[PDB]
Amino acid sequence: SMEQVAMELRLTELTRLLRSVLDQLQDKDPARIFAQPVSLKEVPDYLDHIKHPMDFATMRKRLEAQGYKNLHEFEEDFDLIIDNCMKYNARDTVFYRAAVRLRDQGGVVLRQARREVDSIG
């Protein structure tokens, strides 16, 4: 149908906007601490601690399959990256600190993204 196509163009445009959001968030991680999944070879107990691992490469895979229906779903995955790190790693660690700085800097980007998603519909 013509409606299914219109819907698909909206999703494609959301994907376009989320791709730009993702790039902006990932620039706030210049050490690349959050770029890839935590290695289960190097942290074999990880899944005993963290039940839903997340990282920017895994978000990008979902993004490119148009697997984010709305900004809420995308934000859920970004918050997993931060929250998983802040639980597994102690406060005095470069990892925890990186997550805090990503959360703080990402807030600004996500605030305007929400306005753009509502605005453009």
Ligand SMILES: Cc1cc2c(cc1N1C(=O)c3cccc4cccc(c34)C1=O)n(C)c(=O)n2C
Given for the second form:
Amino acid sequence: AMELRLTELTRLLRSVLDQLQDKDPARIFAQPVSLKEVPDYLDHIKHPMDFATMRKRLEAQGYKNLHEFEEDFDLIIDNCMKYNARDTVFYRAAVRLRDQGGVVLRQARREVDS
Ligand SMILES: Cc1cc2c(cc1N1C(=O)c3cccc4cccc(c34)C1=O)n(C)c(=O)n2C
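Could you present the same protein in the form deposited with this ligand bound, rather than the form solved without this ligand shown above?
Now the full complex is given, and it begins with the chain already shown.
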């Protein structure tokens, strides 16, 4: 029965995550930060996250509520604004994703509370 309720949540979160990825047309956040390109990344960042990793979790009914999903979105953003300096294409992409994504998530919070 929980999974019946949770099936509806998934559907809504799928749509939210699609909208979020559209706010990253550079695909900067679409997969794990490459450890080939950034061999020291896990020394800096203890909990990596990216949209593909969210999508896996989503499709395994791994998000039991919207807050768990927003936590992983926030990890993408916060990890990026820690690792990268402010003038970089990465930090600026994180700011735009945070700003544009917040609009999407504020509407999502309303639809969940229904
Ligand atoms: C290369 C890289 C470094 C990143 C970073 C993302 C990338 N990066 C990839 O690792 C990558 C892997 C595979 C395909 C890709 C396609 C487009 C862009 C990236 C990409 C990308 O920016 N983020 C979010 C960071 O904070 N850093 C330091």
